[PDB]
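Whole structure, please, built from the sequences with the hints as guidance.
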Amino acid sequence: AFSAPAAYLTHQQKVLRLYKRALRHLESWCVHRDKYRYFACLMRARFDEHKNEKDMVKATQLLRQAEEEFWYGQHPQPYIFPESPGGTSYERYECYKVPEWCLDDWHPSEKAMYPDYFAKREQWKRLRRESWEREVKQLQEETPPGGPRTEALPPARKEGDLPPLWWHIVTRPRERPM
Amino acid sequence: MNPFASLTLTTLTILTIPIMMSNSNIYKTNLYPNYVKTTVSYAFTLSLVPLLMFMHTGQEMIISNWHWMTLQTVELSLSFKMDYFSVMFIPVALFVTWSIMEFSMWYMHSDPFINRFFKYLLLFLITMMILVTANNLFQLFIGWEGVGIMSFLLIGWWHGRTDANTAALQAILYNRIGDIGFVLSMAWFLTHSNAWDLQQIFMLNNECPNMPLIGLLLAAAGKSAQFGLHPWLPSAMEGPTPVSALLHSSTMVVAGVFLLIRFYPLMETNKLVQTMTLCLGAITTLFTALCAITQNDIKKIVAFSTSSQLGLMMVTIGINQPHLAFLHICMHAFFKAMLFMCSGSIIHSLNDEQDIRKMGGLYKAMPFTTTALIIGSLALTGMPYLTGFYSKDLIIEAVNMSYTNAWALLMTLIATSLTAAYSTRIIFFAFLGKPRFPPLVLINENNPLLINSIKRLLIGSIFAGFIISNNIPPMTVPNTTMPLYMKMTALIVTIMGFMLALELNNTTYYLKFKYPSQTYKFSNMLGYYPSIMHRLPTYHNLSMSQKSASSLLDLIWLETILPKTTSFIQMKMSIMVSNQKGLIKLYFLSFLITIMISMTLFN
Amino acid sequence: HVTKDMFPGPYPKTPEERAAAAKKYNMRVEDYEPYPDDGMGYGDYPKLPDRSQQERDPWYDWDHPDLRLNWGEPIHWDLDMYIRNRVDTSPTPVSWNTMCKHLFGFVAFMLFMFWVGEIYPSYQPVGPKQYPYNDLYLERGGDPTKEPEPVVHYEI
Amino acid sequence: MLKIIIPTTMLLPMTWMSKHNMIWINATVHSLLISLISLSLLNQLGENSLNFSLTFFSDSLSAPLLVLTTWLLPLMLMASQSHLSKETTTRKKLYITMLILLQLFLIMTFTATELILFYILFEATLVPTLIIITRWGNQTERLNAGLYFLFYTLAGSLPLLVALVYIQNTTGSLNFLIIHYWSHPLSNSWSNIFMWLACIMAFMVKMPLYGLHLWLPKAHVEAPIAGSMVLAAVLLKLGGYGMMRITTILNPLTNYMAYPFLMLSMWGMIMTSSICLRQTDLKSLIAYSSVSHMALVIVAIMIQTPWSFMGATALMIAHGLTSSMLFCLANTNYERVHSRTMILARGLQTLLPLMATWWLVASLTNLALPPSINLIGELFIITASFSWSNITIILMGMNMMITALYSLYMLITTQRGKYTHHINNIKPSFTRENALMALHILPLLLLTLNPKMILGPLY
Amino acid sequence: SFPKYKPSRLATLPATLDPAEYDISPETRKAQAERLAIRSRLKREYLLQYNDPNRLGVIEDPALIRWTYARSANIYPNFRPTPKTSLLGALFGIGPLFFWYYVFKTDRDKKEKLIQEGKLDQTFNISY
Ligand SMILES: CCCCCCCCCCCCCCCCCC(=O)OC[C@H](COP(=O)([O-])OCC(O)COP(=O)([O-])OC[C@@H](COC(=O)CCCCCCCCCCCCCCCCC)OC(=O)CCCCCCCCCCCCCCCCC)OC(=O)CCCCCCCCCCCCCCCCC
Ligand SMILES: CCCCCCCCCCCCCCCCC[C@@H](O)O[C@H](CO[C@H](O)CCCCCCCCCCCCCCC)COP(=O)(O)OCC[N+](C)(C)C
Ligand SMILES: CCCCCCCC/C=C\CCCCCCCC(=O)O[C@H](COC(=O)CCCCCCC/C=C/CCCCCCCC)COP(=O)(O)OCCN
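Chains as they are written, first to last, in the authors' numbering: chain p, 2 to 179; chain l, 1 to 603; chain c, 31 to 186; chain r, 1 to 459; chain o, 2 to 129.
Simulated from the structure, these hints should not be mistaken for lab results.
Idealized CB from N, CA, C, for every residue including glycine.
Do not take every clue at face value.
Straight line, CA to CA, 30 Å or less: simulated BS3-like cross-link-like pairs of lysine-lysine [what the hints assert, rightly or not]:
# : chain 1 : residue 1 : chain 2 : residue 2
1 : o       : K31       : p       : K55
2 : l       : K119      : r       : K418
3 : p       : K138      : p       : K121
Partner residues are not named here, just some residues of chain l that face chain p (Cβ under 7 Å, in silico) [stated by the list, open to error]:
#  : residue
4  : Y42
5  : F44
6  : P112
7  : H159
8  : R161
9  : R357
10 : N505
11 : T508
12 : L511
13 : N524
See below:
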């Protein structure tokens with residue numbers, strides 16, 4: 002999620018992803034813990050038979066018939082964690098996520114309550130404001146000519162600098178705002 | 001004078017006071033849910049009096065209090081019907097709703113908009129009470145649409161979730177498909193019987209034709225989620241557990257069946273519609289049970305069980321036993337609501353975990369939920385002298401001892417077996433094995449709200465069947481004589497299902513793994529009906545709506561025909577007429593030609 | 031802030047205007063493919079794959095996570111049809127044809143066997159129910175001034 | 001009747017002489033007072049009509065339309081007061097003058113005891129609307145829209161005038177009362193067929209008919225908020241009023257000639273409801289919904305039964321109010337967003353809950369939820385069509401299903417989901433917008449208590 | 002061996018089952034690198050416009066304007082009368098009208114004939 006994607010997936014990444022999917026779907030098939038442990042160790046042994054293989058064409062032939070076999074026996078109703086992109090509580094709390102700038106439109110009678118919070122917010126806004134001009138310059142001087150090649154942002158290199166484009170990553174509402 | 005009317009209107013009237021006070025100050029405090037729960041409990045204990053009067057005397061009423069618009073010879077008025085059905089269904093619904101709000105007090109403890117949730121629940125209850133007591137078709141339609149809109153609002157309670165909005169729109173779509181038949185029935189009844197009142201409709205239809213009954217059957221299939229329009233009920237489990245326990249399990253989803261109960265004088269005079277109803281109920285209950293016996297989400301299993309029970313109710317209606325179907329509604333509300341409450345308690349205890357693959361040993365980890373779920377499953381499958389027996393046993397006997405179709409009876413028996421199968425599946429996969437939940441145990445039941453709400457419906461699910469059956473007057477001829485083997489058909493079928501499903505489930509412990517068969521894939525994917533029917537038609541509609549309706553005709557051809565052709569023709573004629581180089585020779589020659597034509601043509 | 035040249039135009043026929051259009055829509059020339067040049071007014075708009083937005087990666091950090099869309103990337107012509115609230119093209123564990131055949135066969139078998147059961151009903155070894163007063167003539171329809179044919183029931 | 005016309009005329013001098021910062025207040029107050037005065041016309045009789053004089057008369061079909069027309073002006077002023085803030089006093093007074101002139105023309109049109117006077121005012125209503133659309137419009141296409149909104153209308157209306165004068169040469173009077181009392185059957189002839197067409201298509205073009213509905217999306221999209229309100233609420237009902245007034249002399253030729261228009265409306269309601277499903281513009285979607293509802297009204301008028309007429313009147317009133325509310329909500333979104341696209345701004349219920357409630361109520365009342373008067377009119381028309389032929393119920397039910405689908409689609413796309421991240425200029429809704437929504441919605445839920453007030457003369 | 006999955010329009014081919022993915026080549030790698038470079042440039046522009054504290058408005062999305070304009074305003078100028086378009090327009094704009102006209106006309110002639118013969122039983126039919 003946080004880490005920037007790569008231009009492509011290597012063979013080891015693909016085999017690791019297949020291993021993850023196969024073990025998860027095997028756990029979905031094998032409800033009980035001991036049965037899952039036995040069959041997962043059996044699957045690990047089946048996977049590590051060809052670990053030391055060197056031929057790239059034969060390696061590509063491998064993992065492909067494995068993906069086909071996985072698709073044939075992929076447990077059409079697999080287990081999904083509640084907050085996962087397929088879970089029952091994937092986006093339950095997205096209706097309670099309110100942006101930070103909404104507080105700028107509060108009535109003064111509402112800002113009369115919670116004065117310390119708005120003072121700290123003022124310090125945060127000043128820090129963002131002073132910081133922003135420098136961040137743009139860093140991005141301008143650090144970005145390779147011809148535009149970025151990978152959507153990875155550099156860290157702050159000086160003392161008083163801050164990571165470029167940090168405001169909307171630091172100011173996420175919450176995971177469970179209410 | 002005659003307190004029956006005053007009490008039976010006062011219950012519904014006092015059901016609406018918290019809606020009035022929703023704009024007051026109490027709505028902004030945390031005592032609002034307690035206010036609503038107390039109001040509902042008082043409404044139930046107040047409606048217990050008309051039930052007592054009816055049981056004593058058999059007293060029935062029609063209260064046509066307010067006069068709405070009068071349209072020539074057709075008069076529309078605010079009329080409430082207080083027959084056996086209304087005065088019996090109101091207390092049960094109020095009791096279930098009281099239990100549901102008491103449970104939601106604890107289940108929605110951390111929800112910021114809990115007062116709005118309770119207001120929505122009360123509004124749904126008000127709309128359902130409007131639907132049940134309606135004496136004319138317009139008020140019944142008002143309730144029909146109110147319950148649907150409240151279901152739409154409550155399914156999409158978490159509006160930040162895409163799937164909740166999708167499920168709400170699905171439910172609205174299927175209910176409008178039923179609305180088509182409902183409106184057809186209304187139009188036919190007004191055109192031919194000249195009234196929407198129940199009395200005039202019953203009087204002027206000695207032998208009811210096919211079309212109004214087919215419209216009523218379509219509306220009932222739409223609202224009760226029969227086989228043709230089933231998937232919206234399984235998909236409605238996206239809403240909060242109290243919503244699934246109140247609306248989509250016990251009160252709202254029976255409404256369509258109730259409709260067919262209300263028009264039973266016209267139902268018995270038609271044979272084709274009865275056969276269609278019986279076949280639809282049989283196929284619905286079979287298909288829903290078969291889909292249920294292989295699900296992993298507990299809420300989905302309970303919803304499919306509810307749909308199977310609705311199919312059984314439709315079969316009972318089809319075999320000319322409306323009162324028995326009403327009794328089944330009354331018992332099913334009790335035990336299915338309590339079952340859903342147990343499911344919600346388990347769900348909350350395991351940190352919002354719904355799949356049964358992560359639920360292990362709970363027989364000792366949580367005992368009260370265990371005993372409540374066991375009692376509910378026993379009542380649902382049918383244990384003699386329990387609340388489910390007095391209904392389902394008579395259902396089976398009436399099906400066996402009457403002139404029906406063989407296939408419908410076979411599917412009813414197989415559906416009973418599959419009901420036992422998924423009940424034992426739930427119990428085995430959720431209560432018997434070793435624990436499989438995450439290590440951080442947060443199991444807790446020490447809360448009086450949940451315990452009291454569950455135990456009230458427990459006492460109901462144990463005693464209410466006997467009390468109600470022995471209290472109401474006899475409304476049909478009993479099957480006093482029976483073959484000894486055919487007397488025990490339901491019991492042996494249920495026991496066989498229990499034993500076979502337990503034996504099949506016990507083989508999961510075996511250290512052997514085999515790929516699934518085609519039948520398992522068909523049953524797990526809901527007969528593949530949700531895939532095809534939610535991908536093939538919709539696309540083929542939406543694409544057309546942009547290709548032919550929007551672009552081809554509206555944007556191109558309708559534009560080409562009238563405006564663009566006129567513009568092109570006028571531009572061409574203007575260019576031709578105005579393009580004169582200014583040479584008087586050509587104009588003078590044209591004038592000479594015109595003079596010659598005028599001299600040679602106009603004389 | 032949008033200029034005239036950054037709006038869709040007619041169908042591109044030469045490679046130069048094809049490259050210009052591909053640059054306009056922020057995509058490679060190789061990836062660019064306009065709709066076939068027929069009467070319908072697609073003009074020069076990329077024919078993106080007909081894949082739905084449900085099966086886009088749900089773990090990537092999209093600028094619009096609900097719609098699963100990025101800011102400047104081209105939008106499919108039928109985007110409103112694929113919004114995760116409508117028709118989705120996600121692959122299924124079983125093939126489309128197999129599911130179609132299974133559903134159709136189940137429905138057809140159910141209908142045929144329901145018709146068969148209608149042809150062959152089930153009943154008990156009993157005669158019709160007997161009713162006392164002229165088969166309840168007076169209480170079913172009425173008409174007391176017609177004197178229906180008297181029916182007498184059997185004692186056995 | 002002059003007790004309503006004269007204050008509307010005095011609204012002009014008052015606006016011009018009003019202080020440079022007090023035009024809106026005076027206009028709103030006096031328009032509301034004039035609406036209160038016009039409320040008295042609802043007291044109708046079961047007898048003929050309220051014949052005030054030789055020039056103006058009232059009826060229980062004209063009375064609800066007149067009340068709605070008088071009520072719309074304060075709402076139009078309240079909606080227009082927002083986007084005209086940076087505008088010079090003379091031109092704001094000109095805008096108010098155009099609104100007042102349109103209201104005066106509509107008020108005189110709805111009484112119109114004589115058909116030539118009715119035609120004159122019915123075509124005089126065109127000029128202020130065209131000026132409003134082509135002057136105070138945002139996009140460059142407004143001019144084109146104006147042209148369309150003009151010529152279509154005239155393309156239907158110029159033959160009507162000829163027919164009208166021809167009738168006066170044969171009948172001898174174009175007064176509605178004499179025309180009703182001295183009506184004679186039309187022989188099935190080619191000349192009578194063409195006279196029927198000349199009398200009918202002028203009103204069919206403004207409803208609009210499915211074939212002739214092209215001008216409406218353009219005119220509604222490019223017009224300002226007040227123009228959209230007046231077009232959707234009142235200007236579409238002129239065709240229905242004219243048809244109900246003029247179909248008396250067209251019998252019995254109406255039975256044969258109604259078939260093409262009945263088929264066109266019954267299929268175009270489905271076509272426009274399906275078009276609403278795939279729409280990237282809020283105003284266009286509302287316009288197509290208006291087209292569908294007016295197609296249903298056309299079906300009702302062509303069926304020509306008492307229940308048809310009652311349902312038609314109720315549906316016109318309800319649709320006017322509902323469409324005005326929907327356009328107002330869309331304009332409130334646009335004033336913050338400046339894009340007028342459904343998919344751009346999302347999840348507004350999180351930021352503006354009360355406006356989300358207003359959106360929900362508007363969508364529900366457009367969905368024809370009972371016991372709203374929308375449902376009353378729809379059900380009456382459906383029952384009359386079923387009596388006309390039992391097969392219409394399929395198309396009617398399909399239309400209801402698609403209507404519910406696109407209404408909830410409009411609600412969910414804009415209110416539900418996750419908010420757009422980069423949009424930060426979404427300020428809290430003002431008191432003016434909320435008051436506008438409340439003043440739009442409360443009359444509907446009050447009229448559902450007294451339906452007979454809007455059911456027309458055949459009640 | 003196992004039964005093969007057959008792709009369809011509404012059930013597309015899985016990502017891990019595409020034969021094209023396993024045919025890796027330098028040209029394909031370069032194409033993917035260029036695609037990710039384009040996406041990275043667009044994302045960088047969007048974030049630069051997004052995190053700016055001075056901005057107090059929506060960020061204009063030229064892709065969205067292009068989509069809306071091509072959907073609505075670019076249809077007719079690119080339209081050409083073609084046998085496909087002519088036939089499809091004629092069908093979808095004329096056929097349903099005549100079909101429904103025939104259906105309703107047949108129904109109404111049947112009803113009128115039944116009324117004329119008097120065998121319709123219109124008792125209690127008062128409201129119409
Ligand atoms: C007159 C005397 C009366 C007495 C008669 C005799 C008494 C009873 C005799 C017993 C007869 C059979 C009972 C055993 C049932 C089978 C259970 C079993 O072994 O399942 C495992 C086995 C496969 O397991 P798996 O794939 O390895 O799953 C992996 C794990 O187990 C995954 O496990 P999991 O943890 O995920 O979940 C486990 C779950 C998942 O298991 C499943 O996958 C369920 C799927 C099969 C079970 C469903 C059986 C219900 C049959 C209703 C069908 C109605 C007609 C449908 C028409 C379809 C048309 C295509 O299994 C269960 O929980 C229990 C399943 C249901 C068994 C208990 C109730 C059934 C007994 C009642 C049947 C008749 C008695 C009625 C009594 C009334 C007196 C008349 O299932 C089968 O092999 C199928 C056996 C029978 C299926 C028949 C349908 C075949 C349709 C093909 C085409 C046919 C021609 C159509 C032509 C149409 C052309 C137009
Ligand atoms: C484009 C979007 C919609 C715009 C509005 C469209 C609706 C307007 C259509 C007007 C309705 C049809 C016009 C005439 C209908 C009369 C009935 C006729 O069709 O039936 C037969 C008529 O026969 C033939 O139809 C003869 C006429 C054929 C010539 C008409 C051209 C046909 C297609 C042209 C359509 C173009 C219309 C739009 C022009 C701009 C019956 O034969 P007959 O019993 O002997 O005649 C009875 C009438 N009498 C008694 C007066 C003599
Ligand atoms: C949005 C665009 C819609 C355009 C509306 C056009 C439809 C109206 C019909 C065409 C105009 C006819 C106007 C006639 C006015 C009524 C007068 C009348 O009917 O009197 C007839 C006159 O009837 C006519 O002359 C009509 C002839 C038509 C001439 C103009 C043709 C215009 C185009 C016709 C084809 C289109 C037909 C359908 C158009 C529908 C619109 C799409 C009797 O004549 P007499 O000589 O007095 O009889 C003595 C013997 N008994």
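Against the structure, the hints come out as follows:
1. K31/o x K55/p: Distance ~25 Å between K31/o and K55/p Cα, so the pair holds.
2. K119/l x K418/r: 25 Å, holds
3. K138/p x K121/p: 26 Å, holds
4. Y42: 32 Å, violated
5. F44: Where the cut-off is 7 Å and the nearest Cβ of chain p is about 32 Å from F44/l, the hint is violated.
6. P112: 4 Å, holds
7. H159: Constraint on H159/l satisfied, holds at 5 Å.
8. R161: 4 Å, holds
9. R357: Holds, about 5 Å.
10. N505: 10 Å, violated
11. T508: 6 Å, holds
12. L511: With a closest approach of 6 Å, the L511/l hint holds.
13. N524: 6 Å, holds
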